[PDB]
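In structure tokens, one chain follows: the form deposited without the named molecule.
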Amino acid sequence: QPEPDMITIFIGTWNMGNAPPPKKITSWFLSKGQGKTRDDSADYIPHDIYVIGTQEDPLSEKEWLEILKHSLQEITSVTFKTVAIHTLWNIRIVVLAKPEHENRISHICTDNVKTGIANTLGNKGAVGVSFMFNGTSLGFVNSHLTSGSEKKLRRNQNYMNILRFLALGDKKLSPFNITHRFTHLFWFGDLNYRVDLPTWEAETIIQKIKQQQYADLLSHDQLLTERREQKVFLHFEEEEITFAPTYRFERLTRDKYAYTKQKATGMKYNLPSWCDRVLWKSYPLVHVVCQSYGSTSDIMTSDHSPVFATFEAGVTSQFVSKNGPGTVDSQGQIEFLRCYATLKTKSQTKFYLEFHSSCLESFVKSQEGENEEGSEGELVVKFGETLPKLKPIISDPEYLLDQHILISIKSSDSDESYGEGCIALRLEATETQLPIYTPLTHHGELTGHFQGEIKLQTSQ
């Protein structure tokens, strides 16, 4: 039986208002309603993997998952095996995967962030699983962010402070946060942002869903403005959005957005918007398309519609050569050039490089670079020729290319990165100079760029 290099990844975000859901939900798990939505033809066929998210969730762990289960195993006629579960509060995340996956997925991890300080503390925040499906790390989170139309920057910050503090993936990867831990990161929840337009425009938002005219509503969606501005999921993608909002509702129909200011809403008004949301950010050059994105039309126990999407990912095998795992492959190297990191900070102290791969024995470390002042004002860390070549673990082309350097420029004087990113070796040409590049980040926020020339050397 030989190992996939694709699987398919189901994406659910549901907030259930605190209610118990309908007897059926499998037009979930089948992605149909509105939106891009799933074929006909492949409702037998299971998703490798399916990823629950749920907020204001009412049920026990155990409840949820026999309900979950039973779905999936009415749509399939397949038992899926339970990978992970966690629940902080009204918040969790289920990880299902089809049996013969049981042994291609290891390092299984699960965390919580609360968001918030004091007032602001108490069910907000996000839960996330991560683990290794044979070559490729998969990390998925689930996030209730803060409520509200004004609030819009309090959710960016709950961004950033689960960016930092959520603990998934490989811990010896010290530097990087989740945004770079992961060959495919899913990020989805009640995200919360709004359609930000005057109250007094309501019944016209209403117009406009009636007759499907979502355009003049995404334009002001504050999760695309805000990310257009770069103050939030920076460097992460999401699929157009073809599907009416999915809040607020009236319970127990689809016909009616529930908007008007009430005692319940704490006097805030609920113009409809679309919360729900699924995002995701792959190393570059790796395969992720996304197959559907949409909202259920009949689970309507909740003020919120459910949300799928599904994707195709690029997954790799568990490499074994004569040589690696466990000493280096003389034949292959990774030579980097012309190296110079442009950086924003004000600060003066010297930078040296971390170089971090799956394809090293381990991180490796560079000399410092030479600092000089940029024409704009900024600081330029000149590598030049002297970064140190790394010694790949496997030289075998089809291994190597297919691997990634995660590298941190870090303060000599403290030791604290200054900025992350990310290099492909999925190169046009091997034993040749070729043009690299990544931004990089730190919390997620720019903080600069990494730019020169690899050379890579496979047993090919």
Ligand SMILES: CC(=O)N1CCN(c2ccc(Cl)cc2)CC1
Second form
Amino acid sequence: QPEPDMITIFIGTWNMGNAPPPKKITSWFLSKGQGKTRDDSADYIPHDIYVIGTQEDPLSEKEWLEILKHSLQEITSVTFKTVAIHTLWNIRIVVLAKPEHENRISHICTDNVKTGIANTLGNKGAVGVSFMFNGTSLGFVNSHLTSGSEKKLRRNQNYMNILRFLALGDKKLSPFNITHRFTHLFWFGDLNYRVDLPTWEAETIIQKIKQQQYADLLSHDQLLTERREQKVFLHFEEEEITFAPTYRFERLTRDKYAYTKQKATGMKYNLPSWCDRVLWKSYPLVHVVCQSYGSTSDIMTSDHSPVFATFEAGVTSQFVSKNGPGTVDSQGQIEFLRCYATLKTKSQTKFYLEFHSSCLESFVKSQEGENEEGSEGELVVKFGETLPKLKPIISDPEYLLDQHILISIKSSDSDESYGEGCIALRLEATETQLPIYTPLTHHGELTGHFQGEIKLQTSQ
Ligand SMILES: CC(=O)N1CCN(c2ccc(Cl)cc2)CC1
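Same protein, different form: I have the form deposited without the named molecule, so give me the form solved in complex with the named molecule.
What follows is the whole complex; the chain from before opens it.
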């Protein structure tokens, strides 16, 4: 049986509004309703992995597992295996996989982050799951962020606390947060970003929704505008939104948005909004294609509609050679030429590089670079031709060109990372000097740039 080079992943996010679901929710797992929907011809074809994120979920893990497994069995005739389930308060993530993937899945991690202090600590945060699928690392985050049109800054803060403190993936990758630990990272949930228009425009907004004219609404979506100003979800992607706002509905219909202020809303308006979202971040030059992004029309127990997204995602096999794993393969090497880091830091310490990759037996520390002043105030750390020669465990190009090198630039004084990035080894040529580039981030904020040239030697 050949190992897959592609899998499909279902992502669901649903704020259940503390109500039990209706008896049928199959439309969710089938990507049927509004937006980018899945072809009817695919309805009996199971996804490889289903990742279900709920918020305001009133169910026990057992009650939800029963409904999810029975739903997928009715659709696919497959009894899915439970990879992981993790609940923080009423925030839940479930990961289900086809039985044939049981022995492809390992290194399962779960964690949660609680956001807010005192007042604001008590019900918002995130749950996450990671695991290996053969040679590919996968991370999944379900977050319920701060509510309210006037709290987009709080939401961005919630996001930064979640990506700093969620402890998923390989702990040996210690300079790296979850935005660098995975081949593919999927971040979804009730992110609670709103359509930022005046309250007096509520009926206009509804009119525009009834005409399926979303352009003028999405131009005011706080998540899109905050992402465009690099305030949140830097280097993440989201499929174009072609479905109606998923919040806030009157329960037991989809014919009405409930937007007016009420005691039950803390006297806040809830203008129709895309609260419920799916974003992703994959390593450079890895196959990932969104095949669906939409909302259901026929699940009305909550004041939110469920959101689905599906993805084709590139995966690799668990590679074994005569040499590595367990030794180096002298026929392989990774060399860096003319490398320099540009950092935004106002500080003056020496810096060195750390290279981390599963193609190395362990992480490599470079010599300190030479600090120079850039022509516009910046710190430029020059490595020149001084960076070590990296010794991959396997030289076969079918393995090595599919790998990535994570880079941290660290203070000699503190050994704290000032930036993190990632370089694909999917080069246009081997044994050829080629340009490489990554932005550098710390706590998911832009801190600099790493560029230079690479020279990759494989066994071919
Ligand atoms: C030794 C042990 O108890 N575990 C628990 C979780 N295991 C698991 C792997 C794949 C799938 Cl689909 C489901 C579950 C592996 C490790």
